[PDB]
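**Q** Each chain is listed here by its residues.
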Amino acid sequence: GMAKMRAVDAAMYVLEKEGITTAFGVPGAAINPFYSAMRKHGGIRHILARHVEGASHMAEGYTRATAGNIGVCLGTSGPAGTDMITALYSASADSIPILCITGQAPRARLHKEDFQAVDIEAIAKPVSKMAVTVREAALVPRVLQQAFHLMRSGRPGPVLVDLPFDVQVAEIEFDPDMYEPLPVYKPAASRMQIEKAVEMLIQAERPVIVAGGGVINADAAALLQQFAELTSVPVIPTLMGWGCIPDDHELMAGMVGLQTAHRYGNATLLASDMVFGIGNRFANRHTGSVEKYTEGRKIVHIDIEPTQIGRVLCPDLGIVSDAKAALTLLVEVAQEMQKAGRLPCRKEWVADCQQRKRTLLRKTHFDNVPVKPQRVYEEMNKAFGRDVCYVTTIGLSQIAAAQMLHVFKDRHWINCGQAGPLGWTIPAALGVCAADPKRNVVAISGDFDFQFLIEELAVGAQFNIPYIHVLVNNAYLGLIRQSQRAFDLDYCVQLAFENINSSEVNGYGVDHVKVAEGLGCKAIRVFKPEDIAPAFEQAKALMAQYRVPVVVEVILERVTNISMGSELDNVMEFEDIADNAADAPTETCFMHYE
Amino acid sequence: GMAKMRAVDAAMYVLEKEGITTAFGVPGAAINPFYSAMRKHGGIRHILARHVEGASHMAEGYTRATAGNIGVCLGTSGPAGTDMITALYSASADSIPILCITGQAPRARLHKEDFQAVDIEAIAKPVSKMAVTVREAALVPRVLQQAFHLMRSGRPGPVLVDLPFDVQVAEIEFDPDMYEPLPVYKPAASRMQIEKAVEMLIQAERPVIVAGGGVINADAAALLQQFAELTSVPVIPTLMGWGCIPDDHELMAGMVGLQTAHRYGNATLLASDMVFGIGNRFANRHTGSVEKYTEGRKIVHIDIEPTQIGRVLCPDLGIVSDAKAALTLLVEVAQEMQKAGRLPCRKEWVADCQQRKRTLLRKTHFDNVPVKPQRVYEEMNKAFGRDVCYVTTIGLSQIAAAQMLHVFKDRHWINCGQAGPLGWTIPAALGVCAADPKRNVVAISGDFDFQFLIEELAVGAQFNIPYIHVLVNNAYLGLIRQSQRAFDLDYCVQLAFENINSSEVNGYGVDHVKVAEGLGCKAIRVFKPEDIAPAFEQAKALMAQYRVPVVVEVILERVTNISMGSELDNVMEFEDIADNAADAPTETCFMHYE
Amino acid sequence: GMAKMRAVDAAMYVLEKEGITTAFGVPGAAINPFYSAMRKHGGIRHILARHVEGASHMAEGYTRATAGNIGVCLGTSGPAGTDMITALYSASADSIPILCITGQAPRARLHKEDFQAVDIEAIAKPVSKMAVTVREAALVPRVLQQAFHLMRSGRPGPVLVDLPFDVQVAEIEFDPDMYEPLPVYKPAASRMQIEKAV
Ligand SMILES: Cc1cc2nc3c(=O)[nH]c(=O)nc-3n(C[C@H](O)[C@H](O)[C@H](O)COP(=O)(O)OP(=O)(O)OC[C@H]3O[C@@H](n4cnc5c(N)ncnc54)[C@H](O)[C@@H]3O)c2cc1C
Ligand SMILES: Cc1cc2nc3c(=O)[nH]c(=O)nc-3n(C[C@H](O)[C@H](O)[C@H](O)COP(=O)(O)OP(=O)(O)OC[C@H]3O[C@@H](n4cnc5c(N)ncnc54)[C@H](O)[C@@H]3O)c2cc1C
Ligand SMILES: Cc1ncc(C[n+]2csc(CCOP(=O)(O)OP(=O)(O)O)c2C)c(N)n1
Ligand SMILES: Cc1ncc(C[n+]2csc(CCOP(=O)(O)OP(=O)(O)O)c2C)c(N)n1
Ligand SMILES: COC1=C(OC)C(=O)C(C)=CC1=O
Ligand SMILES: COC1=C(OC)C(=O)C(C)=CC1=O
Ligand SMILES: COC1=C(OC)C(=O)C(C)=CC1=O
Ligand SMILES: COC1=C(OC)C(=O)C(C)=CC1=O
Ligand SMILES: [Mg+2]
Ligand SMILES: [Mg+2]
Ligand SMILES: [Mg+2]
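Protein chains in written order, with the entry's author numbering: chain A, 0 to 593; chain A', 0 to 593; chain B, 0 to 197. A prime marks a further copy of an entry chain.
Among the clues, some could well be false.
Subject to a maximum C-alpha distance of 30 angstroms in a straight line, what follows is the list of computed BS3-like cross-link-like pairs (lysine-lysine) [said to hold, decoys possible]: (1) A':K111 / A':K124; (2) B:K16 / A:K111; (3) A':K527 / A':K539; (4) A':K111 / A:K195; (5) A':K185 / A:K111; (6) B:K3 / A':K291; (7) A':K3 / B:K195; (8) A:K16 / B:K111; (9) A:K111 / A:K124; (10) B:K124 / A':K111; (11) A':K16 / B:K195; (12) A':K111 / A:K297.
Calculated directly from the structure, the hints in this document are not laboratory data.
Next comes chain A alone, as it looks inside the complex:
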């Protein structure tokens, strides 16, 4: 029961009671007392990163992998905290928590210029739900207790806790048996709200549901699918909702937007007369101009956060609610409407949507040498099972991947959709694997994203954390080259050079096979499209055998312009489109996934 212990020893009991079992970090002198309490306590597996930014993105992958997870990132004072800002931003931006814990100079020296003392509280305030320097040892458990309440309540977001060295080692009296987590705050829609939304849905003749990341945040994917099935309403997931209904479900109508979107998804949205938004916001790369997106359409918006409703467009009906509470009530009311015979039949509209999904395609089956990126994603759909979990960040690599890969379960598309920090992909994939060693994790990176935090591969080697990383190498910042077309420029975006140790890379610059092997991983380079599928089969074998990351590097043609535009009705198709299965053989309409 009650005993005298250091404030960091009390912190270990609090973290255990709050369900923490994993931490990613880089120790230093100012955070040593915390590491010493973590060693004495046991039960937290620490993973040593090779950049503080790597540890903070591992914590994001850990959070995102499984409902209820909270990745923890640990660092010393000074530059460690400033190295966490990008991850706090990325987590805030996507409404997901991580808990960052930093050491700090002792309280008496905070306004002197103590070595590596920085005002991290002020720096981190705009990208966190709370950033606090703990000023008394007895407050360490209470700040953590409040932090966990904030990370789970309302619109979720990250917390930074900053621990002065003297506060960490100071004694307190603490009773772990008496510690209890605070209740989680979640507003719930009333029946009056939900019945109005269902009445509006029944009146629409061509409705779609836009299912957002809030549905996944609330762990409500099964209810979302059930509500769509009862009402027979096609579902458009946002990039952050992708997976909340399986991609081969007959009501999955494709994705919408300026870049990570399908031709059939955009055409279905523009033909619709109502958008029933659940757990989405209306992101600008999803909508284009809001005036065109809302034209001729009633808009419903359900969001847990009141000030998200009406922020970018005015809904006809806005409801403040947790998505699981809302969907529980939407299923009940839809079942009552079904018994009363008041849900309309929707066979024509569902048939029109499916017809678009069957004909408005993009070619993937390219035999070209050098390889076309879209062929890589066709081979990934064939090589990996239905349970594949993709991790990716940003680039033409990521945009085309979102256009052409398929996913079948929530939290099998792990992607930092609002902030898109380069280098996120490797640490996030390691964090997903740490959350779930049985997960079939496959990452996708372009060469530039792969280089930012390339040293994190050695974390996977040191700790034996296996996953497959697909690296598509054009020796370009490919997305920036494409955006420079508007300026008739191709300027400062090339990565190629004659590698003085590897004439076999043929002027592509970095030799990723050599780099990955020096970092302790396995790697395979692919030049010809028919060698992609065997390489994915070797990579699985190498992974079972050595239990380390395996990189499959595909050498691409230097320049491919991926389809994108500035409005839903203006997406330009640069590469070949398709209307038949032979050019696009891995659409779910044509291919059984597992």
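Place chains A' and B with the ligands on chain A using the hints.
**A** Frame of chain A; chains A' and B with the ligands shown alone:
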């Protein structure tokens, strides 16, 4: 003359007028208009980094290399700006400027949640002299004009300028012929202040001058040496002042502090009766407890910043002045005192200081296998000339290097002394080489620092930027292991693993020779101490021949405890001390440098 | 000559050398050592206001009346400082200075919800050229020295100096004879610019 142009085109003329010739950056869509103006203008050499943090630390190395330089760092919106915070902190902390320029979402969408729009102004405020989002196109030249005034005036520091996309492309009328840089503000000591300081100096019987980074910031090293020679007063440089008098000068008395310090330097400070501080602050790792540092000693402090005087200890005389203005007047007054016969002879005190410098040594000449790190620094002193320019960050690698290497000119020790961010070393060295292609740049890293931003070696390969990187590999976070001794811990600080591709690294983990070669550089691994000197000779040849970075990796014994303590009178000597040249052959007392 | 004195006594020598002769204020327990120093030093005429906002606007009128004047407004901790925000905004907005000086709780109690302790630094930062809590007794003369430089230089504006009670009464060594005001920064047009204008 006057013409209509985009606001970014006016920015190019302003940057040219302000002396900018180099920029380090990573383009993205939101900053493309600026890149397009930089391409159209010419005359700025852009260097593409492989992490935005790498570009920001290259800008720091560029600033630090040469008086008057201002490194420029360019990035897109969102995570690029959050990736610059660590460099802004490091530059603020050391009183040096960089100019960071970020793209931003258009003004009308700043409070919507536009893709990658972040409140970078608020995040960067605590680590910059100005952080501003430019709200009108006509203000772009005026914000830059104010930015350059701030970066050069008072206590120097960094500026972040954030450019909304629509502000960048909007037209203005601008006349480059009429643009003029603002005057620089620098307070100057009066004769009444300086005469009082010289009177106090004359009364002291055992004075020392502590020469800080402010002397180098003011470009006043030659005056500092001249003032010490006229008054015959021994000089103790801080780590940030190191080089402002040559290490073989008869008045150079060694360095002082808890870690990067000499036994003779600390013993000389504790024996002194006055500290004449010029351009220093009194950093806690330099002083220890201020009560012990000031005991029995009058303190003079000259600083350009009024609120630095009395911040950590109360001087007997505090003077607000630029160090060059102060030293100009100190030389004149000392010459007047010399003509009047009022400067005391100081032969005994100078002789006592030199006697300490000759006898209070640390052993470097170790024949051990595996290699002892202190032998590496002895070989570096022999292999490189007097004009060597060292670049380093933090770790036992850096602390012992500061204890045992010698430097002979200002700005030949490039080191982020207050913030110490891991990964700084490679990008900073590339930035120094970009500032001065004739500089003989040698970097020092431990293995963990080397890994953080290891991909930046490919920047040196792509752009042919040659320098030598000494990598001392203990497969440990060695400084943290040593600080964990106080907790009877060795926990989460080891980097070793059995590399499945390289049994020759013998369980040390990452194979840096393979990684460096995959990144396009040359590399040499050294296991035996007698092979260090030949490896430095091969590295010079490889560098002349291939014009890329050359890494020399020395395999160290796993555990070496470097001398350090918590007070000047308590520094513990773990490894062998020396009182003879044979154990410490590269002290300047024993060895002629060039 | 150099002498031992309280930080507030050294502040009195600084205000004298910077030309202060008048102050408007409302005393309180947290600013009493400063009032005790003003009484002992003499040479500043104090006008007692009947609202802290009244003292802050008297300081504005005193500044605005005559070139080179700097009105000084004095108050205690807590609501006195919040009583001053409107004048700080009015002074900033018109590019003119006032010097506001507030008492504050002792440093050891600044995060402990001590009676009438408020984060006036953060509240006043948007409406001042500088707003600072002085953390060391030796810094009191230096903060005032930087304040007068900022109030006169560039675009002029007001400054708020917040004084913890333990900082005010701590002894320091200060030599009034050695104090000198900082140079004022004012940029000047070149002849090239003026000929173009004409
Ligand atoms: C290069 C690139 C291209 C992209 N292209 C596209 C594209 O074409 N189309 C596209 O759609 N996206 C695209 N994205 C992603 C896009 O930027 C956004 O991240 C995404 O559209 C946002 O999805 P969302 O509306 O579900 O929002 P989210 O960020 O997932 O959040 C939606 C809402 O959920 C709420 N919420 C949180 N928890 C709960 C809960 N328990 N219950 C209810 N509500 C809750 C939050 O308050 C928030 O308002 C792209 C990203 C990149 C990097
Ligand atoms: C692991 C590690 C160990 C270290 N160990 C030691 C150690 O043992 N000893 C040690 O001394 N340092 C040590 N350092 C470095 C230390 O932390 C500080 O960076 C350093 O001591 C500060 O030097 P300085 O006083 O010259 O200050 P600086 O940071 O260089 O600044 C001094 C002052 O210069 C002023 N200034 C700027 N421009 C001008 C100008 N034109 N004219 C006049 N003034 C100007 C600024 O206002 C500032 O107050 C260590 C660093 C690390 C990372
Ligand atoms: C820190 C950061 N800097 C810049 C960007 C802008 N950016 C987005 S994609 C991209 C290029 C990515 O290239 P690569 O990963 O090789 O992919 P490709 O587009 O060539 O497939 C850049 C620079 C960013 N998202 N984050
Ligand atoms: C971003 C960041 N995280 C953590 C630290 C704390 N830190 C200082 S030195 C060090 C270990 C450095 O190890 P290495 O570079 O191998 O050098 P060694 O001490 O072993 O010679 C760490 C983690 C830091 N300075 N910066
Ligand atoms: C894309 O890489 C780059 C070069 O090499 C092609 C250059 O010559 C210059 C000036 C910039 C650049 O980014
Ligand atoms: C018959 O199963 C199929 C569908 O569901 C009806 C579809 O929507 C599409 C597009 C193809 C298909 O085979
Ligand atoms: C130093 O590397 C580390 C390990 O391997 C030795 C571990 O087993 C654990 C639990 C933490 C760690 O940091
Ligand atoms: C004779 O030259 C020499 C000195 O200067 C007098 C010294 O201070 C020391 C320590 C050695 C030396 O050789
Ligand atoms: Mg890296
Ligand atoms: Mg690429
Ligand atoms: Mg090491």
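**Q** Each hint should be assessed against the structure and marked as holding or not.
**A** Tested hints:
This hinted pair checks out: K111 of chain A' and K124 of chain A' have alpha carbons roughly 22 angstroms apart, not beyond 30 angstroms. Taken as a hint, the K16 of chain B and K111 of chain A pair is honoured in the structure, with Cα atoms around 28 angstroms apart against an allowance of 30 angstroms. Restraint check: the Cα-Cα separation between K527 of chain A' and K539 of chain A' comes to about 19 angstroms, which is no more than 30 angstroms; the hinted pair holds. Of the pairs offered as hints, the one joining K111 of chain A' and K195 of chain A holds, with about 28 angstroms between alpha carbons and a cut-off of 30 angstroms not exceeded.
Between the alpha carbons of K185 of chain A' and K111 of chain A the distance comes to roughly 24 angstroms, so the proposed pair stays at or under 30 angstroms and holds. Of the supplied pair hints, the one linking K3 of chain B and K291 of chain A' holds, its CA atoms being roughly 21 angstroms apart against a limit of 30 angstroms. Pair hint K3 of chain A' plus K195 of chain B holds up; C-alpha atoms about 19 angstroms apart against a cutoff of 30 angstroms. For the proposed pair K16 of chain A and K111 of chain B, the alpha carbon gap of about 28 angstroms is at most 30 angstroms, so the pair holds.
Between the alpha carbons of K111 of chain A and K124 of chain A the distance comes to roughly 22 angstroms, so the proposed pair stays at or under 30 angstroms and holds. A distance of roughly 26 angstroms separates the Cα atoms of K124 of chain B and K111 of chain A'; the hinted pair therefore holds under the 30 angstroms criterion. Between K16 of chain A' and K195 of chain B, the direct Cα distance comes to roughly 19 angstroms. Compliance with the 30 angstroms bound is thereby established for this hinted pair. Note on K111 of chain A' and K297 of chain A: the hinted pairing holds, with a Cα-Cα distance of about 21 angstroms set against a maximum of 30 angstroms.
The structure agrees with every numbered hint stated previously.
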